[PDB]
Amino acid sequence: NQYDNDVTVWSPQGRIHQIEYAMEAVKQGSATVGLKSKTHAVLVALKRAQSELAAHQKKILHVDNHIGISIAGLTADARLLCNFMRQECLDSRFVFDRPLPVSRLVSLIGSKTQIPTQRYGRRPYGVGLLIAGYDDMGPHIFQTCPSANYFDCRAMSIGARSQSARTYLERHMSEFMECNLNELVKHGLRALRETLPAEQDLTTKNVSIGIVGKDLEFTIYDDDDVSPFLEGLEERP
Amino acid sequence: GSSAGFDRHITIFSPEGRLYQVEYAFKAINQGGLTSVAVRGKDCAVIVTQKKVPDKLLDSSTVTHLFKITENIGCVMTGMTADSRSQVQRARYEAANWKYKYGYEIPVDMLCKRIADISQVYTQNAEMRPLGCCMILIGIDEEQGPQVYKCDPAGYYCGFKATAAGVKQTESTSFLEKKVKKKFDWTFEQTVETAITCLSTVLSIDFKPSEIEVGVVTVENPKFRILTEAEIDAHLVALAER
Amino acid sequence: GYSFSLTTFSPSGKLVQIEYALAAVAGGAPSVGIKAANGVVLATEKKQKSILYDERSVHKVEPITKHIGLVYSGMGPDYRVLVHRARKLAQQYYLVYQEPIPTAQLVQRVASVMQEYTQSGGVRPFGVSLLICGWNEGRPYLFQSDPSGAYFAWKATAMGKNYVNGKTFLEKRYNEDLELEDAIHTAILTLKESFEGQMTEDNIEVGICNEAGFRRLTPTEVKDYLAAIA
Amino acid sequence: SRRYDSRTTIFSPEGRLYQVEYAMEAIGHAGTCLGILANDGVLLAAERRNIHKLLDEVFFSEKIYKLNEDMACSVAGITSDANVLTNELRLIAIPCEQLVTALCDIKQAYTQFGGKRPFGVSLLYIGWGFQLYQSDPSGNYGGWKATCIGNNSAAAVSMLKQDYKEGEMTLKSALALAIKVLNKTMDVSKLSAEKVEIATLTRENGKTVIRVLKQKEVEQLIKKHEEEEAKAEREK
Amino acid sequence: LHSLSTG
Amino acid sequence: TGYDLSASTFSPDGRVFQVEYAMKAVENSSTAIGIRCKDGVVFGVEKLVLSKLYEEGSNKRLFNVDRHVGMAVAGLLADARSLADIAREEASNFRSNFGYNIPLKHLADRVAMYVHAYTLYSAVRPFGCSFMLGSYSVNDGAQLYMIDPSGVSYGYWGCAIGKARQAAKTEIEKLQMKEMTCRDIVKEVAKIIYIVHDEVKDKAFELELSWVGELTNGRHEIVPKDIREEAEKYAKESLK
Amino acid sequence: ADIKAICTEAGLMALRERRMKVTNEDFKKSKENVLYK
Amino acid sequence: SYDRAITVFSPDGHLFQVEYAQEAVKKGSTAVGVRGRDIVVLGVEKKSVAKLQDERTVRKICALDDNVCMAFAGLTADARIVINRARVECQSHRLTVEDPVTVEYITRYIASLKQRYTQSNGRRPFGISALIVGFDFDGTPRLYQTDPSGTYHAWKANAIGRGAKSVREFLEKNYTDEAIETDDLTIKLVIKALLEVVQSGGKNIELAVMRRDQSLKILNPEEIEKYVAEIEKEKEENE
Amino acid sequence: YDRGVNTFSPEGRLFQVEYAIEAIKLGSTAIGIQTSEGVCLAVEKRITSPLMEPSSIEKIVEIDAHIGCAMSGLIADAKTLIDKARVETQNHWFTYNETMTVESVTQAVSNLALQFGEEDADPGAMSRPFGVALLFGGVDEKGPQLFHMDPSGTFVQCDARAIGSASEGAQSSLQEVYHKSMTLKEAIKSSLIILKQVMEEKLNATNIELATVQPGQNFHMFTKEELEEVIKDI
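Chains as they are written, first to last, in the deposited numbering: chain L, 4 to 240; chain G, 4 to 245; chain H, 5 to 234; chain I, 2 to 94, 105 to 139, 144 to 251; chain O, 65 to 71; chain M, 5 to 244; chain B, 393 to 429; chain J, 2 to 240; chain K, 8 to 241.
Since the hints were derived computationally from the structure, they do not count as laboratory data.
Among these hints, one or two may not hold up.
To be verified - Derived EDC-like pairs: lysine to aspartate or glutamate, alpha-carbon spacing no greater than 20 angstroms straight-line:
(1) K/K32 <-> J/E173
(2) L/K115 <-> M/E177
(3) M/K182 <-> G/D62
(4) J/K166 <-> K/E60
(5) G/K59 <-> M/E183
(6) M/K182 <-> G/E108
(7) J/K157 <-> K/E110
(8) I/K176 <-> J/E20
(9) M/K207 <-> L/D227
(10) G/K184 <-> H/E180
(11) J/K28 <-> I/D6
(12) M/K28 <-> L/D155
(13) G/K184 <-> H/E59
(14) L/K50 <-> K/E110
(15) M/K64 <-> L/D155
(16) J/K157 <-> K/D166
(17) H/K18 <-> I/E22
(18) I/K176 <-> J/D55
(19) H/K53 <-> G/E214
(20) K/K209 <-> J/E173
(21) G/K45 <-> H/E59
(22) J/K52 <-> I/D6
(23) M/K109 <-> G/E19
(24) H/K18 <-> I/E183
(25) K/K187 <-> L/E55
(26) J/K166 <-> I/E244
(27) H/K53 <-> G/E174
(28) K/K187 <-> L/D227
(29) G/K181 <-> H/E23
(30) G/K186 <-> H/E225
(31) K/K149 <-> L/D228
(32) I/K176 <-> B/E409
(33) G/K59 <-> M/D89
(34) G/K182 <-> H/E185
(35) M/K42 <-> G/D62
(36) L/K50 <-> K/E60
(37) J/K174 <-> K/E175
(38) H/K18 <-> G/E19
(39) I/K199 <-> B/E417
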């Protein structure tokens, strides 16, 4: 308990406990799944409500015309990271008149989130991001961790009880590439269902879907607009 | 050996007036396991140090504790390798700045005076640790002749007729003191042989011309040169035949 | 760098780190400063642990101006830092006033620096006591600046190892009518009482300040003064 | 960094500032300093602790410093912090209360933010009407007619409280009171002139004169006080 | 200054 | 005990324990090797896949700090990428100031000093990654340096960083690297990486191959997929 | 405690002068005794 | 620059430094403020009155402006800084708006400064609580209380310091419209509230009043003695 | 202590953020209700003495002509957030000639939270989170809107949210009595009923604050007569 109070203290096992504690903040966040196909990248987020008289917390944020993220963890840190990424995407347009490639944006955010993990009195960003984008290289799904380490994933899932969604994604990863947009969104919703308890089910209130494609701008779909995606999938066993 | 508070964690005085962090930095010099010996002659100064290459994978051309701070000044480093490189880079920068600002080559005494002034701040400010390295600079002065200066983590510094640093610093110091007591202004070959004999006798290695690095400065050519394996082998054969 | 003071007040109202710096001072080589009628003498035990050390390479008695000199007792590198600070302050005073700095003013500025190091953030007090000798207005000046930044005007004093007995010796061996040469004799005697072994012309360092200014005695002059002892 | 921080400028659970109290404790072990106000002048009588026989006497005064042409001050505590505060006092200098207020503002700022240790120095200010002030490391200052800081300050303050006839004092009576108090506060039964330091501020010819009494005058004062005490003993 | 440091 | 909580604190035995813990962080990662042959340098990385979900190319431990320098990392990948950017900016500054490609010795000595700058103060922690910089040029020749969390940069003929570093070094010592060319050294690097890999322990690794030599005109590039697959087949066959 | 010590020491001063009646001078000496020195 | 969070949330949800500053206030001398009909009265217990103390310099009632004056309780040195800052801002607001500051405005600035010092790096909270009385531009008397946390409230009558609780209890019982009918009755109420805690009597009471369209007037000791005599006389007829 | 302000617990909680969240439970109970007819904000003044003037206890604040805020917890901490809300608003009007969305105001105030630190921070940066919880209520293009903000910077729209000491019981009562299609008068009456059963003191027109933001109309603080009109029922 002496090696875990600061982010600049290496534990004798070669680990930084503050970074792992910040990583646990993502595990405390609500589940979200980001998966891609040959032409599309979609994010499905299970919004959480503190009480039934309060709105469900938004998890999918629009970053750029071709890039959108799903957050898990501290919402204020998520807003800070989203503002940084929006500013970087806007500066790319202002300078090169071109969209910022997703692979080249996640690198900047992983370099930005690494600085606090090495300086005294700073803390890692207690937010994990699932970035879905499209560029000349096709669709991209990236997972950004509080450890400032990012992964280029075929299909990722982060948040509370997200490993069931990881299992579903691993089982059906082979058919993600060739399936159309509707099948991809249904796969994402089915993966997100694995994170729910047995009695709970996907409703329009707690499902948000962010889609980006080759000729399709990044669009976020909510309660009214989620129904065209939810009604297709059958009831789980 | 009393303590009170953080006198063992930062460079603040102990109850008896000791800086334990500086002493630990001194103990850090022996962590490398290498010993360097510098000997000053009538017209030359020599630095010798054992080079250890544990495996053939290591490029032996890069394992060098002999650093050319300037054309006329050389140094041998003992202790932590990274701190040694830091001190070498700082010494090179200070020598270049002295040459630029004053127009003439920096004297050997003043180079380590500046380096020790830099390292004294590390022993007064608590946000940094002292460098766990010891610099031995050798150079030919315009008037004073050969000069050898050891330069320690505490910011202490002094001139030397013959000094040594590292694990075997005290045994080599005793050997060199016994040699100096005979009061002989050694020639270049004699200084090189004395340094090599000191290192060999203290370490009991019977050196090969691949286990030691020798760097010399002489009055005739006041430039620092690192002896090649053939030049070192010549001195080794001369020592062996006697 | 740290912005918080490393020297704080103990519950007994003592600056403990300053006391520990003074303890470090009391473990240094003995130093004796004697103010004669016609000058001041600063003597110190510049003894090395081996013959390999170059005695003339580093000097414990260092000049500050043409008329002011220091000798320390404590830690060598701290004295070198304070020597550079004193020289820089003397240059500032000379540049401002086109006149060599008075001894008292230099002592005050140096003591101000030493005090600053007892209150500033992330630094420890200097582990040295400075004996400062000078000549101003046709009169000799001797001062002692301790780690706390406090300066005292001394007729004769001793610092470092065995400094209390050196002081007691100076009480019974100093009078205001002493001359510079007799002052050197008394300072060498004070060093000899705390000295272990024999004093050669190389293992002690003596400097003197008179109307001609401040100058550190060469080893030959120290040899003559030492032969005067025996 | 947080590990080695002593947090000097914080509040104790009882609402006290421990560093300020410890600085006041440090001053309690300093030399005795007296300040007495009269109708024609003020005086500062400081006990001299630098009484070694080999200590040279070159300065005009040891603990009594001149701040401007109208004011003088005396210090108790760390002498180097006293030098810093007196140099800042001269730089700031002006009415006496304004100077004391500025220096006390600096001292308080050192106890509120910055993380540095406070100035462990208490000051007695005398100036010109004639006024005497006392300032603590906390930056809390107050005017006084008679006051004492340093060693045996409580006993000196009680003696003044009992003996200080308010309003009806000239410089002579105030000096006699200073000697009488300093005799009891100091442990020396004789109180030779070499262990005390008296400076008087008076208005002469429309100008402020701050003069440190010569050792002969102080010996005369001590002799007069001891003769008066012997006369009192003649009653018993 | 420079001369004092060097000598 | 409090002697290891900061990098500005020396142990009573004169060792900075924070740097050693950062080194252990490197020793906890997968093995990356690099061999300097007669006419170039070849980097191989045993990049484990932690899950099948990561795409083929994620967590690339082989970087390009310049057009002629490649970097193989082991340890904290975030610190590895930070140091890769530091080396990239160092090479860019060298080119923008002096006007030519930075020598590998100077790049190693500069990035190593930047690393060492993090091993002195309590305001920062030492980097938790060790990296090898490899390069080739017609004038300087093939060069390979390794830099550890302490900041010690040493030239090498064959080096390995990771948890199987000792076994990899033992396998590397068998090679006559000073005579063979890159086209054979890629096969031998694949063989060594496959040998030191532990299938019963963390399994399902990917072989990340890169090189810089005269056959690439002194340019660090990923080994072409055909050559990489041939080396993979040779390495698999060597395991019987 | 200070008040009780004042009274006890004043009674002690009265005992020193072989008196049973404690005078104001006795209390005055008591205050300088217990509170100070 | 020293940048350390001196005031941090305790796990209980409290700002312990703020509570310690409030305790330091609770160790201060009792200051009582009463808002009457056409007068505002501030009476401060003088703690201990040494005969050698220049009572002019030690004053816990200070006029922030010509229409605003406050009496503090807590650390005198902190209170001096707060008073000086309030005076500087009073002059600035008079320069800008061309109108004397209202009691609400200066009270709000003082409380905001205190809160800023309870939420800034390297700064401990001010250890003083203030009772700020005055008159607005419309002639309405106003009394406000600020605490080290930074929260301020308007009071008909209030007390701060060591005897704050008992004096406030007394004021809750004897503050009535009849008791503030005249200036003399208001001053008598203030003196009674102070006498609930002050032991010796009128000697340890420094009382200062402020009337509409008038500056702060410090009551001389003879006036306070006369008022205490009046209260003592009125005590007998009620027995 | 040893811990810094920006320290993560092993469970992933920001220590100072949780400790500031615990500060709200000592604050007075505030209740905000959003209805199609407007937003009703109520708060208990918690008068601690008959001498204290109730009018000086301002816990419902005019952010702008269309937005009000009710604060709970450390009221002094809420002054900075209120000032930033009122300055950030009228800056949107300065540059775009339009009133801000209530969501935008709440987001701008939320960005202030978590902007605290010890090292590598600006001299004006805060040292601790804002130990206050805010209830913004206003009217915008989306009609009436009520948002809840907590010291973690997490702001979320709420149909009916209760903060403060009695947040649990008041929230339960709000869940029991809230339906989406109800009038603003019903919302005011229900909020007053919920407050009355949770106050330590007895409810009257002096120890509570009531405000309404209705479409068309501006932010309106209820006077004593208006308060007595609705209190006379319950």
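Would the pair J/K166 and I/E244 pass a check requiring their Cα atoms to be no farther apart than 20 angstroms?
violated (52 angstroms)
For the pair supplied as a hint, K/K149 and L/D228, is the alpha-carbon distance within the 20 angstroms limit?
-> holds (18 angstroms)
| Satisfaction of hint between K/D166 and J/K157, Cα-Cα up to 20 angstroms | violated (39 angstroms)
Q.
Hint check: G/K45 vs H/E59, CA-CA at most 20 angstroms. Holds or violated?
A. holds (17 angstroms)
Need the status of pair G/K59, M/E183: alpha-carbon distance at most 20 angstroms? holds (14 angstroms)
#### Entry: Restraint check for M/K207 with L/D227, where alpha carbons must lie at most 20 angstroms apart
Violated, at roughly 45 angstroms.
For the pair we were handed, K/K209 and J/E173, check the Cα-Cα distance against 20 angstroms. holds (18 angstroms)
Checklist entry - Between G/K186 and H/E225, is the straight-line Cα distance small enough, at 20 angstroms or below? => result Violated: G/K186 and H/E225 sit about 24 angstroms apart, past 20 angstroms.
Problem - Hinted pair G/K59 and M/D89, Cα distance within 20 angstroms - result: violated (31 angstroms)
Margin query: Check whether the Cα positions of G/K182 and H/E185 lie no farther apart than 20 angstroms.
Written below: Violated. G/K182 to H/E185 sits at ~39 angstroms, over the 20 angstroms cutoff.
Taking only the CA atoms, is the gap from G/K181 to H/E23 under or equal to 20 angstroms? violated (41 angstroms)
Has the given pair, G/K184 with H/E59, been kept, meaning a C-alpha gap of at most 20 angstroms? holds (15 angstroms)
Against the hints set out earlier in the document, violations occur for numbers 1, 2, 6, 7, 8, 9, 10, 11, 12, 16, 19, 22, 23, 24, 26, 29, 30, 32, 33, 34, 36 and 37.
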